[PDB]
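If you want the building blocks of each chain, they are given just below.
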Amino acid sequence: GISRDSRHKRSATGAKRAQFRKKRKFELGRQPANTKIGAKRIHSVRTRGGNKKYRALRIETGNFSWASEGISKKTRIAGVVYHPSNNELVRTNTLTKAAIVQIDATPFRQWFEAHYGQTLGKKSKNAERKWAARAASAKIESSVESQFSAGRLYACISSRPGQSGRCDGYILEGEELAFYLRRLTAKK
Amino acid sequence: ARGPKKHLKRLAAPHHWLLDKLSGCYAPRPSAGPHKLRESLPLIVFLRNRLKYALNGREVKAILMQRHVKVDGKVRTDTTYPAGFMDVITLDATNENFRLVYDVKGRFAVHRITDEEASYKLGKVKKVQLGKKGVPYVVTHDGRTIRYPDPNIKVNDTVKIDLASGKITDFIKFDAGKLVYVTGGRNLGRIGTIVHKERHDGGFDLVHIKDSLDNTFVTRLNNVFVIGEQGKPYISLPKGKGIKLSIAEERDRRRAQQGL
Amino acid sequence: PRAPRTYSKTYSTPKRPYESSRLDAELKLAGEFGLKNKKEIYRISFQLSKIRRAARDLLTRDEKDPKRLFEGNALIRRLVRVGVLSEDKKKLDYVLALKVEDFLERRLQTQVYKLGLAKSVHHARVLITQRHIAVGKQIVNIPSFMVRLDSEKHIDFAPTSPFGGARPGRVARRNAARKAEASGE
Amino acid sequence: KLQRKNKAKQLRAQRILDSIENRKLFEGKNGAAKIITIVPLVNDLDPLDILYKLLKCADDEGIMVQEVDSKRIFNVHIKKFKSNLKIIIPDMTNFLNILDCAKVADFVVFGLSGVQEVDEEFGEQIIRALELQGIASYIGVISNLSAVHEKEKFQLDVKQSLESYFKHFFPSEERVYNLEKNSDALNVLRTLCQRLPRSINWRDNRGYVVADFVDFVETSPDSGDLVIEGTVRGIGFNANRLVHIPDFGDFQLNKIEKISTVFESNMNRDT
RNA sequence: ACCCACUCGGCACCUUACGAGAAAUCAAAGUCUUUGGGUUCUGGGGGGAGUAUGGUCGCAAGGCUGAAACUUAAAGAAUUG
RNA sequence: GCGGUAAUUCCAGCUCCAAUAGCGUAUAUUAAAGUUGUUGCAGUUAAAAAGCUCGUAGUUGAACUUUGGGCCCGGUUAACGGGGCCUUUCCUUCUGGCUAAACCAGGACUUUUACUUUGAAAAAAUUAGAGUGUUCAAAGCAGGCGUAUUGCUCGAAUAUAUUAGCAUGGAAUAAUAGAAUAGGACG
RNA sequence: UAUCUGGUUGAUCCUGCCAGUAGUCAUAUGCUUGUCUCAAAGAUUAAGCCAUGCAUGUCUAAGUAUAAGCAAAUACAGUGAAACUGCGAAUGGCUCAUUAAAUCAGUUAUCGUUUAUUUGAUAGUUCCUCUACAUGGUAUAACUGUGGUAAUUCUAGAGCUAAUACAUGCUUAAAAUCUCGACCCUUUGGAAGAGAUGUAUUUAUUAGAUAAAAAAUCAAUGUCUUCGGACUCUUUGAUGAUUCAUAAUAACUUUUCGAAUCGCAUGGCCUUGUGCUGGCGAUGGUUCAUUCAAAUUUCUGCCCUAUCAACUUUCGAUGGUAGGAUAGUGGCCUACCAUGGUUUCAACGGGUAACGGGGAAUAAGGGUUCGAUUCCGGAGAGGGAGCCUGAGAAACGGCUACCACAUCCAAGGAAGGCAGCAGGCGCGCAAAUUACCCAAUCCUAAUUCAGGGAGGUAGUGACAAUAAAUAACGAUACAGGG
Numbered sequence: 002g003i004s005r006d007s008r009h010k011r012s013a014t015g016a017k018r019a020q021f022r023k024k025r026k027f028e029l030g031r032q033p034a035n036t037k038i039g040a041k042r043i044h045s046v047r048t049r050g051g052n053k054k055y056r057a058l059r060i061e062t063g064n065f066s067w068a069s070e071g072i073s074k075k076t077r078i079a080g081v082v083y084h085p086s087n088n089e090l091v092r093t094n095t096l097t098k099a100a101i102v103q104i105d106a107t108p109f110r111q112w113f114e115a116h117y118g119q120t121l122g123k135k136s137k138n139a140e141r142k143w144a145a146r147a148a149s150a151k152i153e154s155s156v157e158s159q160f161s162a163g164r165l166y167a168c169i170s171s172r173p174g175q176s177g178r179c180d181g182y183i184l185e186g187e188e189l190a191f192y193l194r195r196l197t198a199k200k
Numbered sequence: 002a003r004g005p006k007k008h009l010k011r012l013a014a015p016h017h018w019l020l021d022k023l024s025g026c027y028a029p030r031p032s033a034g035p036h037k038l039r040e041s042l043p044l045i046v047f048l049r050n051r052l053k054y055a056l057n058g059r060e061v062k063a064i065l066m067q068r069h070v071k072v073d074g075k076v077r078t079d080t081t082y083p084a085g086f087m088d089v090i091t092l093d094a095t096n097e098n099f100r101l102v103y104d105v106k107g108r109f110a111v112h113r114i115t116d117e118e119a120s121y122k123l124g125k126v127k128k129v130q131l132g133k134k135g136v137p138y139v140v141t142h143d144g145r146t147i148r149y150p151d152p153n154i155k156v157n158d159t160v161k162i163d164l165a166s167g168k169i170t171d172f173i174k175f176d177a178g179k180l181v182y183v184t185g186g187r188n189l190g191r192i193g194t195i196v197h198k199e200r201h202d203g204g205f206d207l208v209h210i211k212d213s214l215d216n217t218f219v220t221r222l223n224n225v226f227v228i229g230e231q232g233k234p235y236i237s238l239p240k241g242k243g244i245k246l247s248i249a250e251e252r253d254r255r256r257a258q259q260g261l
Numbered sequence: 002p003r004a005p006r007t008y009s010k011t012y013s014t015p016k017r018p019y020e021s022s023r024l025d026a027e028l029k030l031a032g033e034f035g036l037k038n039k040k041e042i043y044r045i046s047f048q049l050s051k052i053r054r055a056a057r058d059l060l061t062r063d064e065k066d067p068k069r070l071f072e073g074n075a076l077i078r079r080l081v082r083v084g085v086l087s088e089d090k091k092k093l094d095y096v097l098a099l100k101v102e103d104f105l106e107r108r109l110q111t112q113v114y115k116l117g118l119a120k121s122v123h124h125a126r127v128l129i130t131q132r133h134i135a136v137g138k139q140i141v142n143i144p145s146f147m148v149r150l151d152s153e154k155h156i157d158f159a160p161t162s163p164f165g166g167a168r169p170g171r172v173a174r175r176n177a178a179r180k181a182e183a184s185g186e
Numbered sequence: 051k052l053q054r055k056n057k058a059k060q061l062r063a064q065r066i067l068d069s070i071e072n073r074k075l076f077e078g079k080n081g082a083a084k085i086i087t088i089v090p091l092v093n094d095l096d097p098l099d100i101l102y103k104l105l106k107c108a109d110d111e112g113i114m115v116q117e118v119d120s121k122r123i124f125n126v127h128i129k130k131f132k133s134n135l136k137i138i139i140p141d142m143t144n145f146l147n148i149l150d151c152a153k154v155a156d157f158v159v160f161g162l163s164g165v166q167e168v169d170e171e172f173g174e175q176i177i178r179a180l181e182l183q184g185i186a187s188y189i190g191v192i193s194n195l196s197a198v199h200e201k202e203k204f205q206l207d208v209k210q211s212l213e214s215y216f217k218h219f220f221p222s223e224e225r226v227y228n229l230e231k232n233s234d235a236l237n238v239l240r241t242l243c244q245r246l247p248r249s250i251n252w253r254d255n256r257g258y259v260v261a262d263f264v265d266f267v268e269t270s271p272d273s274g275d276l277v278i279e280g281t282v283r284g285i286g287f288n289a290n291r292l293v294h295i296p297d298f299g300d301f302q303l304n305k306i307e308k309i310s335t336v337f338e339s340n341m342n343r344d345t
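Chains as they are written, first to last, in the deposited numbering: chain SI, 2 to 123, 135 to 200; chain SE, 2 to 261; chain SJ, 2 to 186; chain CC, 51 to 310, 335 to 345.
It should be emphasised that the hints constitute simulated quantities derived from the structure, not laboratory data. Misleading hints may appear alongside valid ones.
[Claimed, not checked] Quick look at which bits of chain SE chain SJ covers, simulated, 3 or more residues with Cβ under 8 Å:
1) 8-15
2) 241-250
[Claimed, not checked] Each computed SDA-like pair below joins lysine to any residue, with the alpha-carbon atoms no more than 20 Å apart:
3) SI:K24 to SE:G4
4) SE:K22 to SJ:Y8
5) SI:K23 to SE:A2
6) SE:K6 to SI:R25
7) SJ:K65 to SE:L246
8) CC:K51 to SI:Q20
9) SE:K10 to SJ:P5
10) SI:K23 to SE:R3
11) SE:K6 to SI:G50
12) SE:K7 to SJ:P2
13) SE:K10 to SE:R30
14) SJ:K91 to SJ:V81
Where is the CB? At the ideal position from N, CA and C, for every residue including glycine.
Build the full structure now, drawing on both the sequences and the hints.
Rendered as structure tokens:
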């Protein structure tokens, strides 16, 4: 079907090769999986060597990570806002590795309330000592607070959906976040 | 060709098996095991072409299924079990123990060893790593992986496994001045001391070895197996003490032990 | 799939086939030593040329090369063990100096001529063919046996073969039977 | 290269298509009278044993068992080679019956014995007579070679002696088979099933019918009609032409029915 | 301007064979079976044939490049009549 | 009857020669062939020097830079080859001891190459070749010797593989780079 | 180991080609044919077409036994047809059509990957803040019985019953460390009890130091002295090289694994319970290593051709970024953006009656010619393509579809792949038996046992090669050298 061998393309000199053999199996390729947004629907695929690649066809509520506090929460995915490679996947909301998506906010803000105690967008003396020990570290930059006030964050998917099923990622921080806002506001 | 190969024709066997080119058109092809097939000796060849105890395939088969041949203290019932270098295979029914070691000419030779000192086996530790769950382990030339080694044991050294469960006894460091035996190449079967080791980053550090009669040679590090220090190797050497004398004095020795 | 069996032809035809001189020499050799055809002369000349090529390209080798010493000693040793070279000619220029005749002299047919016992060279050939002579103990019927030196003194009549006793042959048996049935009664 | 290959293919197809319309003309398989007659040449020989050896190697015991009881003309259908064999054993006491059976047949098989030599008064005259009267395809075979000493060297000496005898009599064929060995029995069977018979000029230019059902119906008190169900081979018959029946004479045909049309003899009857 | 001697670079010549060559002849056609200073081009018996085809140059005439099937035992230097 | 008979012998026999359980023929190829020529062809007249000159790639390209002398020692049969010292001469990237930047013990050491020596790593069969009486031989890798009553035992070598890649000694031969705006070395 | 001789020849000499000579492990053919050892053989033309038969099955003490099978422990127990299950069927064998930087040869790389098996290591954590574990449940084949079809190794509905089948499912220690904290008692504050802590997956982050020595700072600030404040061993492997091996934290998962299996043995303990505990194995299982391999890969090397000089990029040609896919790198594919890459040192195109190499013939050396073929590597099963199962296939003695042939008939439908072994037709100058056997060499399987046209033996056989019978000795009479 889909071939990966280097024998159907021209050589470095423009020389046209000839068919050395039929299409072998150990160089096969498989059909793409344009994974959409919806309820979870996953098909498994048997691979060379007898392993499995969990092809995710529809997925939501993936894992996402905050690097600075280093936490990870299972969160819904509102949808793709920017894709670096192709533009049509933004229109049809197709997930890939390294994709700029918009996700919901709430598990992060409940963790922040339970962990630091301060509020964004506007008893228990042991927990008071916990907050005092965790004080003088509650400052984050302005744009993440503005997103928390909005209720949706900009994250980047850094996991392969069609190769392992999961749709994992990290929320943007700093220079990455600034560059992606600049590109998003310049294009859109 | 669509899968692994299971047959081995004659005129594709190792030459040190000493297989006759007539009397059949096929060779054993040892199955997977401790050694690669090009450096291995199947039990069928060892028991019908070296000892002449068997006569054919079915007699050595009846030997093996009668549970009399043990490789490394374990009973093996394959005719094509690849017995290789520094194996201590035993025949308990007749009370001899054998050790496989290259002769002076480069072929696997019979070498009778006692009840004692058949209780160990040397092994070139080939690569050391740190396994899963933090445990450190070594693996030698015959696939044996031994956990919790002595920390001074590094890559390309010699350990001394006894028989039972690994349990590495006193080992040998790799440095100049040690008795060294050869397991590959043109100088296959000579013994000697390292006089120097040359280092070449990128590939194949070489070793300069001088034997007991001041005949020096150079070999790649993959064919180097240090067996001890000067004067007292820990194993019993084969006949001729691994010297590789030239043809003229070999013919002189033929004319010396000729007659009576 | 069985390994090929190796073989080699052991004679060679002359390039110039037809001239008077060597034809005269070959017919002379056949007359003196009892030869069936010209294959025997070609065989001895071929093995002699092989020997001389070996002696020659060891002679082009420099002195005290161990290969030259070893192979020269082996070649001289085999050609004195056959008995063609004399004892006092163990040199490479001397092994270059051989002929066809002294190779043909060391054959068994010529030797069973020379030790008595045959009284004619063609009688020697037909009586060596006919299974009458044991070298050592073993009965041999090959005229081109190339007798060595250590087996030179053992050429005797066989334990079979009525020339060495042991139940006289077929024609004598039938003659005795005829004279028994006729002149007996 | 491809133009060369096409030129070769086109010329080869031309050659084959030229060579096809010479051999394709026959039909057999589903229905064919490829008659085999078994002719012994030694009095101490049983042709029923020959037919037993022949039918044993098609793995069909029931046909031979049904042939054991009382029959001499056999319709055996082979499913291995898918061939309709008709086996006829002539009467050895009627030599003219042997001549008629051989002159109607397409295949004849000669049974030869390895113990008793061929009689110069019994079998040799049969061989000469069948040669002279017109002979179709023939196969010679040995049956009693087991009655010879058990060792194969003597038996093959006998086999080559009778091969020499047959090639003095018939040099066109050279190998005489053994029915003790199953292999040559199978070779005989495939030869009988597959190989096309040659033609005998006199019998195939006037037609011949081998009959199975010949019964009588009443037409007149002085003469009536016999009913011959039969296989027609050769040239075919005409309603007006006369027909000869051996040991009966010449008669006029009256009616023809074709089962696989109705033909009645008109005023053009030969008197 | 002429004469004598010398020298460089030429166009040519007479003799010779130290050498070369099949011979006529050659100060090069010498330093070559004792065969190697550097480097371009061309030829492989005679016909078919400088034909046929292709390409290219040319307004034309024509030029440059250029085979094969087939066939055949043949096709320079002197002396002597 | 003789002789001649583009009878290119028109047909048969006798004798002789060569090879011989084999011999001839056809085709293809190799050698003798120096008619493919690198070793090793030829070009005045026998085939063959462009009509002539310039010129790109290609091939080829003047000479010159550590010579010579003395010292010892040991290797091989008075000769041959070797290594260190001195003679303005051991020139480079770094550790540990003697010290007052310089000695000793140590890993490497081509400005970039070509060349050449030694070595590694180089499948078996085949090739050359050592041994061994398959009865000889082509072969095969066997075998040989004994109280032949519980046996002993040699051996299954060696050599080659011109290329490309790897390591190593040499520095003749043939190349390249270095300080002319000193933008240079050495502390 | 290095010889020549005739044709132009009329009287001569050289150039020149032809003819003669010899060899071929080089094919055929003509004639003849006694012996011994040895053995190539439908490659050239047609990788053309195939009747018939064999060529792949497999059970040990160790998965399933109610055969109304054969024989001889009241659950079974000997042997064992059938069938489910597991493994193999991807090795062999054949052929040389394609293939001209493709295969191949030697040499490397995988710090860029897959790997059934063999061998060595390797799993106290599972439901759980109300539970079968001295053992959960469903079906189905084989079988009984009824049938359809002309046919095929075609099968339907009906009734039974098992697993190492399919589907679920708890055991197990103690310690330690973290998050949440009833809090209390008032502080330099310190505390009951709740949860979590195997492996595998995916993501984010952190540790994975190390060329030799001297002070002042603050913050996180820990133990101890003598609360002045002092402070010490502190722990890190390999490689030439790593974001390596590995560890730790936060989570995630249609939660992968963590023994509901089988044989042979009756050991030990006493509370004497049909209690506790216990051997020798076979079979499975996660991860890593080893081994059999596999796939991509660096360097250098090919036959003839200029009557092939420019070629590659619509429709990827060269590179960059990111993505998809793959076992994995990679224009292998897609989006975007650059305008590149090869070439007289002959690119690209064409021819090959071209598989490549180890090798073979020819012996002065150098070379010329051949290699379809006993070994190694590649490709293919009439031409293409796609694919299921599986560790491994783009398999063809597997399937599907089209194409070209072509078979059976009840005219409705079904079955096909000899470039495997024999053999047949055809093509030809050109090539053997429809034989015997697993005894040797070895392969496959549940495995000493069965199977193997792999292979061996024999038949045909003047391919080629070795050894040497067809006569030997007298006497007589002559002829001699005498």
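Here is how each hint holds up against the structure:
1. With a threshold of 8 Å between beta carbons, the proposed coverage of the segment 8-15 of chain SE by chain SJ holds, since 3 of its residues qualify and at least three are required.
2. For the segment 241-250 of chain SE, the stated coverage by chain SJ holds: 3 residues have a C-beta nearer than 8 Å to a C-beta of that chain, and at least 3 were required.
3. Distance check on the hinted pair: SI:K24 and SE:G4 sit about 17 Å apart at the alpha-carbon level, within 20 Å; holds.
4. A C-alpha spacing of about 15 Å is found between SE:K22 and SJ:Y8, which places the hinted pair at or below 20 Å, so the restraint holds.
5. Using a Cα cut-off of 20 Å, the hinted pair SI:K23 and SE:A2 holds, with the two alpha carbons roughly 14 Å apart.
6. Among the hinted pairs, SE:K6 with SI:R25 is consistent with the structure: their alpha-carbon atoms are about 19 Å apart, no more than 20 Å.
7. About 18 Å separates the Cα atoms of SJ:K65 and SE:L246, which keeps this hinted pair within 20 Å; it holds.
8. Between the alpha carbons of CC:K51 and SI:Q20 the distance comes to roughly 17 Å, so the proposed pair stays at or under 20 Å and holds.
9. Note on SE:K10 and SJ:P5: the hinted pairing holds, with a Cα-Cα distance of about 13 Å set against a maximum of 20 Å.
10. For the suggested pair SI:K23 and SE:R3, the alpha carbons sit about 13 Å apart, so the restraint of at most 20 Å is met.
11. A threshold of 20 Å between alpha carbons decides the hint, and for SE:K6 with SI:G50 the separation of about 18 Å falls inside it, so the pair holds.
12. Among the hinted pairs, SE:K7 with SJ:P2 is consistent with the structure: their alpha-carbon atoms are about 16 Å apart, no more than 20 Å.
13. Annotation: proposed proximity of SE:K10 to SE:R30 holds, straight-line Cα distance about 9 Å (limit 20 Å).
14. Of the supplied pair hints, the one linking SJ:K91 and SJ:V81 holds, its CA atoms being roughly 8 Å apart against a limit of 20 Å.
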